[PDB]
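*Asks:* Below, each chain spelled out in residue letters.
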Amino acid sequence: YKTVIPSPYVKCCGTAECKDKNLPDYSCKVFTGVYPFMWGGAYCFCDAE
Amino acid sequence: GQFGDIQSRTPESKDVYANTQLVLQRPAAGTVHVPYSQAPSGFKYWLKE
Amino acid sequence: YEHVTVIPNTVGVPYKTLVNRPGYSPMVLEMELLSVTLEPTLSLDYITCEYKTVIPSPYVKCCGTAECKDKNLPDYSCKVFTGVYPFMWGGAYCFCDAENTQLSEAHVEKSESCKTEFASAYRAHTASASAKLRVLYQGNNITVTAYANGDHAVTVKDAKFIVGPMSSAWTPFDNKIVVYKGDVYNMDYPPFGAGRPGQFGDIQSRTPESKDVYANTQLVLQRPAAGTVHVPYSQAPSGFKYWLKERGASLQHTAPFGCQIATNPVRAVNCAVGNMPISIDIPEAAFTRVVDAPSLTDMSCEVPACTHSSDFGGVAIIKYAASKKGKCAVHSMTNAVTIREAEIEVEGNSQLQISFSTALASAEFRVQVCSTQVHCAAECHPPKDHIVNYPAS
Amino acid sequence: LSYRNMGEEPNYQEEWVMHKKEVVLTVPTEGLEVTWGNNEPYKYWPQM
Amino acid sequence: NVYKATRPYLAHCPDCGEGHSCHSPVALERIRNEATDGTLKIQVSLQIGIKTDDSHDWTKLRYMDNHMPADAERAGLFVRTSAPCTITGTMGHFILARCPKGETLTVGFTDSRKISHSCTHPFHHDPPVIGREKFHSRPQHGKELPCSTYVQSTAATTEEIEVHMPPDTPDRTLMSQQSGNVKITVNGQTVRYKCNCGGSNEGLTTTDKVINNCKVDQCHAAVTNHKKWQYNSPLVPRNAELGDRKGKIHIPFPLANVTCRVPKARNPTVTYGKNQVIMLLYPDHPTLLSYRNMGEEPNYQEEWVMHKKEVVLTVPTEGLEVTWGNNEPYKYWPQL
Amino acid sequence: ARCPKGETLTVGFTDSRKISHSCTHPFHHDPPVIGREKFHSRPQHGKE
Amino acid sequence: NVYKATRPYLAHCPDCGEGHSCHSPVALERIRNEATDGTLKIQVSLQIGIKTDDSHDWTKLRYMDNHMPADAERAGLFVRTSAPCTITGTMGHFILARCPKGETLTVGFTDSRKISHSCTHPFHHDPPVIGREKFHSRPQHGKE
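Protein chains in written order, with full-length UniProt numbering: chain A, 860 to 908; chain B, 1007 to 1055; chain C, 810 to 1202; chain D, 620 to 667; chain E, 332 to 667; chain F, 428 to 475; chain G, 332 to 475.
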């Protein structure tokens, strides 16, 4: 089998919502209070939002 | 994890059946990635046992 | 008004008590144990760690004899080897062929790591119990932290709380215990000055910073190799390093009653063993004369759904006729049935829905709403699962 | 993999799992606590 | 030339050297091991066989060096598990290599400034021996067995990867704390900035800008270039002003079933007896020995022979069939 | 040559045109054990 | 420069190369493995970071060469078990290194005359199991 995983939607200063899709073994989850980092620093402006 | 975790009618078929027990995990501190818990390929395991 | 009650020593289970002060309307208090701490009184015997075999440069006496001096040092070993002809970079170190000697001296000391890497040998005497308790007092959760001796009183929202004393004196710890970082072991360790080589206690010291040390490592010097300057020796390996590999699981994993072992100080948390008394001195302002309460009449009991399980698998609808608007306490007068609702609101000619848990198939139980009782008829059915993942009464 | 009973007799058992393995563990009335590696201990209780 | 819209980039690594995690230009993405022969399809952060000016040169390598792509050497590139690996193909982000038994995969290279960067990922490598003999060198002529490998056809067919736009490349090196103010050093590039502080806190600047009374942590900048394409990497963030807008490109080296020539175990010293057969097995590598009766009750027995072994097997009236490795089954019959 | 534990022996060189040629043969290399102890490093003084 | 008074000396080795024992200037003394993370504290015969005139120089090495001490290069110094090791600290007789799974520890260097000397000792290296999982490669993000 092939676990097709696209680029994660990182919403800076806001909330993202899961859309129920008709796909085999479709799994969705939204994680709150994320502060990710990239090459030149933080990707988001907010600290916990 | 068993023989038949992924079931399809023909090798060129469009629709597929999937039961792999796929669950998303919370990403690491300041990290952009999609961590997940999933049972390994039943076909790959059967090919050995 | 002083209210004395006895609850089992079980963390995570909520227990409800009925407070009935004569002449005043009944009161229901929900109590839950958040943590039970059993701290034993310890006495440090000694500490064990890795040993250091301090070996200086060997005294090679060319064309002469060297003599051993009896030194007062832990595991001090000395030997003089005759007929030695050692070699260095540019040739032989000695002039004579067979008239040379080599003094090989050695002693055992505490390693530099003993301040950091060490195991403590304690002697547990008696234990003092103390508990974190959650109380639903006047529709609000309150946190009470006090010693479980039955003397230490804590006042929260003008109510005096007296926890203790512990009913059972059982402890996951024995007369002799061993502590390494965050792991506690029930070990019958050797006494101070009686340690054996290669075993736990081969090197014994009072504290990690102590001056004098005990050492039994079985250290013997050997004759050096042909034309070689070195101090060969036969010694039993570190007992502490061997124990760190062959100790097994600590009390945290092996103790009964689901005991959780914590360190600094060493104590047992959450241990389902025995009971625990709790005295609550509720102030008079929290009470309310009965005559100033609401009554009830003609009340029917209908059970539209019931499944006898560990959780509230039963639904009950109670019809009533109230005198006035007010809060009334709900409690089951049968010891086999338990109600989820502690208190509800009444008005006049109305009804109320309650969730109940029972084990019996045929359940005939009395529900005390406010001050009046009602008979409930229920024919509960078996659940789909034989084994459950949560405990019940 | 380590497991213990949440009652009077804990009966601690430990084993290093390396290959694909199926384990059957009896759950008593008091409860069974199972620790799988660095994960938090999984609690299990009997039911109906 | 699908490489017109395509380009390189950078990612993160869990082990750049001595167990320390960093942002590596040789970052590992996906390590494919579908080939039965033992060939590994490694996906990397950099591009091989292409120069910075977008031109084909097999001796050159293209990697990301602090906001700008730089050229390196093909000879400097290395793959290793427990011992070095033989590279059997390089094109863009993809590397083909045959590796020995290992627990961690390491991919590295050497830059223009003579500095070596390497990314290490935990990967259990253990190809399934082909046949019944563990040989090292492959023979020109031998037994034909079915296996799988990655072909060298560059043709745009079968397999495909998802490529998205790289909106604005984030860069913290663009901001600097000038005493109590924040200075944005453009360096002849179009930069998109945003700050928490008052006054000017948004825009697309082409000139050097200064934000009065602000901290570097309360700001964010990045270069713009919505003209190039990028592959959907989990080591690179998703474009802010974009949902699930993506493209796709056909990839070289697909998996295809082929034929492999293996070897056969050497015949053992066989001595016959009264209704019994004695075999002196001398295996060079782990060889499987199996035997069955040619009657009503077969009673199959299997064992992996590794050392010098003597086996005594009873031969019934119906017959006994013995299979020693990849050799054809030996038939034995007693009487009388 | 003195070689460590290996399963295949490789012998190579580099020519005038800067091209390297190497031949690989399957050979089970593994120095035999002497005595009754399987040690790695050789001692300067011991049993003869 | 504490290395003004201090000096270096020679010793013996059980394996200088190809299983032959000799008097090596890179002779192994004590290999400490008390650290749970996997760091090894190696004690050697020579001195690192100090010159022959007793002066601090991180790029220089001080080894014993036939009755007299001589200078060498820090870049020439190497540590290996089954694969090369990453050196994370050098001062005098002490070397800090993170090594993969091996059965024999090897410590070497290169002199002024372009001659390499290496000492091999049998040591069972296998970083203990810190936790409950026996992994090989260390993760950048995980359980603390």
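The hints are simulated quantities; they were obtained by calculation from the structure and are not laboratory data.
A few of these clues could be false.
Think about it this way: if two alpha-carbon atoms lie no more than 27 Å apart in a straight line, the pair counts; the simulated DSS-like pairs of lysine-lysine are [unchecked claim]:
1. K662/E - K639/E
2. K432/E - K432/F
3. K579/E - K382/E
4. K1050/B - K465/G
5. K372/G - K465/F
6. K990/C - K825/C
Okay, the calculated beta carbon distance ranges per label pair [unchecked claim]:
7. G433/F - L1053/B: 27 to 33 Å
8. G462/G - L882/A: 35 to 41 Å
9. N658/D - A366/G: 51 to 57 Å
10. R429/F - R932/C: 32 to 38 Å
11. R429/F - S443/G: 35 to 41 Å
12. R429/F - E921/C: 24 to 30 Å
We treat Cβ as the ideally placed atom computed from N, Cα and C, and that holds for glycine.
*Asks:* Each hint should be assessed against the structure and marked as holding or not.
*Replies:* Status of each hint after checking the structure:
1. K662/E - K639/E: Measuring from Cα to Cα gives roughly 23 Å; hence the hint holds.
2. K432/E - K432/F: Holds, at roughly 14 Å.
3. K579/E - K382/E: Measuring from Cα to Cα gives roughly 23 Å; hence the hint holds.
4. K1050/B - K465/G: holds, 23 Å
5. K372/G - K465/F: holds, 25 Å
6. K990/C - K825/C: Distance ~40 Å between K990/C and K825/C Cα, so the pair is violated.
7. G433/F - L1053/B: 27 to 33 Å: holds, 30 Å
8. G462/G - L882/A: 35 to 41 Å: Roughly 36 Å apart at Cβ, these two residues keep to the hinted range, so it holds.
9. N658/D - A366/G: 51 to 57 Å: violated, 26 Å
10. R429/F - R932/C: 32 to 38 Å: At 59 Å between Cβs, range violated.
11. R429/F - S443/G: 35 to 41 Å: With a Cβ separation near 26 Å, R429/F and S443/G fall outside 35 to 41 Å, so the hint is violated.
12. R429/F - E921/C: 24 to 30 Å: With a Cβ separation near 39 Å, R429/F and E921/C fall outside 24 to 30 Å, so the hint is violated.
When each numbered hint is compared with the structure, violations occur for hints 6, 9, 10, 11 and 12.
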